[PDB]
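Student: Residue strings, one per chain:
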Amino acid sequence: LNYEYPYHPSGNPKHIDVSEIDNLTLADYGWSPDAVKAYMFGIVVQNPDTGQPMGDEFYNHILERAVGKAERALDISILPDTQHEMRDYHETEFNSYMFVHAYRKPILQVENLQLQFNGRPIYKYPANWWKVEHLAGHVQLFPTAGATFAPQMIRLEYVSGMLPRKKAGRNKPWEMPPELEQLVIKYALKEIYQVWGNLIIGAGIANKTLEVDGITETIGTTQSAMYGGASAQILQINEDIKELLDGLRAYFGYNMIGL
Amino acid sequence: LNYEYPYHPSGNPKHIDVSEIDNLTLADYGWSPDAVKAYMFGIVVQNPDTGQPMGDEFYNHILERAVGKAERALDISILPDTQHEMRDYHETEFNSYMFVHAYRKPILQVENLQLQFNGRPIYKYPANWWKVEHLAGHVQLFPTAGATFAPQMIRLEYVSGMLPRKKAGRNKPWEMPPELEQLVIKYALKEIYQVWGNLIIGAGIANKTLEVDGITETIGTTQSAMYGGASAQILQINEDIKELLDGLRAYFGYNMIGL
Amino acid sequence: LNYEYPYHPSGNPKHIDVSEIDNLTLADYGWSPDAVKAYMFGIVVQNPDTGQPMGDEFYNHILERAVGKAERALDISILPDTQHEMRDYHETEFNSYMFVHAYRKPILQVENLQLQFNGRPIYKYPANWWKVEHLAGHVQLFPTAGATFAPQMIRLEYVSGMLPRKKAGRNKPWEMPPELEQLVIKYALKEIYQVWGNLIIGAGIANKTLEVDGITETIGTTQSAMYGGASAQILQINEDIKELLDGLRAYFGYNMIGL
Amino acid sequence: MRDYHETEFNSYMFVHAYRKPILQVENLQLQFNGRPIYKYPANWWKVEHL
Amino acid sequence: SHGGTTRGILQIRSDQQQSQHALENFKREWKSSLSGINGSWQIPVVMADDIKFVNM
Amino acid sequence: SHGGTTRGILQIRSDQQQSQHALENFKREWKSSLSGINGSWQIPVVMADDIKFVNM
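Protein chains in written order, with the entry's author numbering: chain I, 17 to 161, 189 to 302; chain J, 17 to 161, 189 to 302; chain H, 17 to 161, 189 to 302; chain K, 102 to 151; chain V, 283 to 338; chain T, 283 to 338.
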């Protein structure tokens, strides 16, 4: 077999080029202002006095923070990034085929794995030994051939993240689930609805009547001294989020460690 | 007996061609904008300012994400896809007729099964040994003729997914249940109703009156400061979803593992 | 290896220059009056009699106190600062590779570490021995080669804090999570909404009607004898804060000590 | 295709069908790699439909 | 020869059952951390909503 | 050689966890008041909202 050295096709197949990690953008995952507007089809958000519509800058800002919120809500890495870890030796797990759990998951690929001493490589494991489980975040060695722990003996470099899915409705373990995108959308949408709920009427207006020269107009609104103008929609979005998070925290497992 | 080699007609009958898995589309399962419109007979969704009806793009988008939500809601694979798994050796289950549980179910067919070492095939099991249980996701061998576990010894390639049912009202264990289609419909419908419920009246309007020159019009609406305009329908759809998921989580079993 | 002495590239890599800690400002983290105004799109805060808008002084004041509130809400140090600690000797942790937990975390870098007696250095540990875990706040030694406690034997100087993140959507363990910024924003916004909710209407007005010569005007408002004009928004912001704090108290761990 | 289990196989070759009611049984065989090892005479088959 | 010797069932419960993949890599974390003499005195920490063990 | 001999966990609970600094100077009050023969028969008074000890 011949391959680019670290990426042995069984244990550590290459899934991304280290140049592509710079080229991916939020819009490649479908997170775009237009997608939000699509979920607010038939609404436009505009400054009541100035008339100017809200710019896409705020949309992209909200989306970047929604991705951050999603990445902490599930213990996951979404956008590809290079991770460099120094990991502790523990005797129990070192005997267990050099088991290490990565801090960030999924693994797109492992880039380096070494046993070291003051930065000096004591041993570099042949890449044909590396066993990677991508979605779990697990790395092991299966060699072909005075204390129970010690700090930072193991040096591990890898790329964590997800790729955009290549087929409709389907994802590989290194590909983004179709509805984690929708979860990030919902998170953005909830902030955009909080903004919009101020602007349907003049600030703080919850009822109006005008009568002039035999013409009368009267409007009641979804705002009130209790509920903001988008309370209902926010509640619904929160319900949908709850269902989505249940499903995704079933897809990713429970975290565990042995002491 | 004569057959296409891997697809022994008793233990591993062929259910799909590896070319057809590319040719299948959502519309072949009946997930189409027309199906949604059918469930919204007598309603039309249109841009309040532009008058144009909502385009099929949004329908197909919603449907793809509804399928994703369904695929995580039940631990199943809906659309056919090729799965390649590297599975750990565990002594207890290896002694139990080489038992392996696939990560994705149903199995449409098994494509390859090998025991290997650093990518070297140690043994290739004759296809007449392969025993497949399709809906369970179980594979076993019944051979005709220093550690309790080890990583990624077993290489398993198979196709997961469901085929569209071949008869009205009936499905084989590898065929989609008729009402899982309706469940995916309901999931789509819930989003389309959340969008539409903004547009029944002008944005944020919950009451209006206009009186001009002795002519009066007055409209009260199902909107309120608590409930959005489509609350009732969404509640009903949630009930239907609950019943459908109960039935399908009775059809698919409880997950289990031995430690 | 060659390096600026304290900053051994494995155990204590340099992340900031001790001159840069003066150059960083709140605006470098995106905490700016414009960001608040962005979250209050379509609102303007102005003196009802004088017409002048509220000045940026109050915004920056509120932002600094929101940062303080965030830094105590999670047991963290956000803005870089130089920390000088005198730490107690404890036999159990001293035997455990000279384990010490810093009072402030993350560690950006360790600057000095000495064992001393009346200010006399008894030993200066070589910087190649220093093992730092930045997000944990842990420092250890891995030497290359009559009482259980005594006060203030260990002298430790380090910089605690976070750097502004260098990539969209991503943070290193020493970089600020994208939505801790949003948490500080939400706290500021919550104060600005408390201010604004007094000024939407004349003081104490919760309904008005005026009728003159057959012309009638009548306004109901989000103010009431119970709820202030921005009650709803504040409640929503509190919900968002709750979610954010859940996520961040999952990101940072539970505090523990051994007695 | 149904699993052999010793307890139920000893119990007069008891098998529970996955689908019910049974309208009728069409075939019942013990096999090995698709080769019939034994085909039970149809006068032996006892069916409880519901 | 024929019995179930199984001591009991470890019930872990949450809003929905874990997927089989999640459960199998949880089994891998378990055996890699706790099995045999090598794991013999370590205790797992688990943060499920509730955990129960049924003695059979 | 390898085990956890830890008798149990002292759970102290209040509206929010103490900062690390507070907890470490609480450790100093503890060891300076209760450790060894010198502290051997003293009892701490603590006014947390609730205190529990879990035997392991």
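Derived from the structure by calculation, the hints contain no laboratory data. Be a bit skeptical, because a hint or two may be false.
Heads up, simulated DSSO-like pairs for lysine-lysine below, C-alpha to C-alpha not over 27 angstroms straight-line [claimed, not checked]:
no.: 1; chain 1: J; residue 1: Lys-251; chain 2: I; residue 2: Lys-210
no.: 2; chain 1: J; residue 1: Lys-147; chain 2: K; residue 2: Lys-140
no.: 3; chain 1: I; residue 1: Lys-229; chain 2: I; residue 2: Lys-30
no.: 4; chain 1: I; residue 1: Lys-215; chain 2: J; residue 2: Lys-30
no.: 5; chain 1: I; residue 1: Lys-215; chain 2: J; residue 2: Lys-229
no.: 6; chain 1: V; residue 1: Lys-334; chain 2: I; residue 2: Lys-140
If you want the ones that stay clear, here's a sample from chain J, every Cβ over 10 angstroms from chain V, calculated [stated by the list, open to error]:
no.: 7; residue: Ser-35
no.: 8; residue: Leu-40
no.: 9; residue: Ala-43
no.: 10; residue: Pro-49
no.: 11; residue: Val-52
no.: 12; residue: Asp-104
no.: 13; residue: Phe-115
no.: 14; residue: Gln-130
no.: 15; residue: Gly-153
no.: 16; residue: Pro-220
no.: 17; residue: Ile-244
no.: 18; residue: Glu-254
no.: 19; residue: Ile-280
no.: 20; residue: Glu-286
no.: 21; residue: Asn-298
no.: 22; residue: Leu-302
Covered by chain I, per the in silico footprint, the following chain J stretches (three or more residues, Cβ under 8 angstroms) [claimed, not checked]:
no.: 23; region: 25–34
no.: 24; region: 205–218
We put the CB at the ideal spot given by N, CA and C, even for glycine.
Student: Hint check: I:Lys-229 vs I:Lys-30, CA-CA at most 27 angstroms. Holds or violated?
Tutor: violated, 32 angstroms
Student: At 10 angstroms, judged by beta carbons, does J:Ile-244 keep clear of chain V as stated?
Tutor: holds, 36 angstroms
Student: Classify the label on J:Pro-220 as holds or violated, using whether its beta-carbon is more than 10 angstroms from each beta-carbon of chain V.
Tutor: holds, 19 angstroms
Student: Quick check for students: does the CB of J:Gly-153 sit more than 10 angstroms from each CB in chain V?
Tutor: violated, 7 angstroms
Student: Would the hint linking J:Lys-147 and K:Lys-140 be met if the CA-CA limit is 27 angstroms?
Tutor: holds, 21 angstroms
Student: Confirm or reject the statement that J:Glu-254 sits farther than 10 angstroms, beta carbon to beta carbon, from all of chain V.
Tutor: Given that every Cβ of chain V is farther than 10 angstroms from that of J:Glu-254, nearest at about 52 angstroms, it holds.
Student: Looking at J:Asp-104 again, its CB stays over 10 angstroms from all of chain V?
Tutor: About 6 angstroms separates J:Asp-104 from the closest Cβ of chain V, which leaves it inside 10 angstroms; violated.
Student: Taking C-beta pairs only, is J:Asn-298 more than 10 angstroms away from all of chain V?
Tutor: Given that some Cβ of chain V is not farther than 10 angstroms from that of J:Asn-298, nearest at about 5 angstroms, it is violated.
Student: Does I:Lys-140 sit within 27 angstroms of V:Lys-334, going by the straight-line distance between their CA atoms?
Tutor: Roughly 44 angstroms between the alpha carbons, so the hint for V:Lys-334 and I:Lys-140 is violated.
Student: Against chain V, does J:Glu-286 keep a CB gap of more than 10 angstroms to every residue?
Tutor: holds, 17 angstroms
Student: Taking 8 angstroms as the C-beta cutoff, is the stated coverage of the region 205–218 of chain J by chain I satisfied by three or more residues?
Tutor: violated (count 0)
Student: Per the stated criterion, does the least C-beta distance between J:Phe-115 and chain V lie above 10 angstroms, as a non-interface residue requires?
Tutor: The claim stands: J:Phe-115 keeps its Cβ more than 10 angstroms from every Cβ of chain V (closest is about 12 angstroms).
Checked against the numbered hints above, the structure violates hints 1, 3, 6, 12, 15, 21, 22, 23, 24; every other hint is satisfied.
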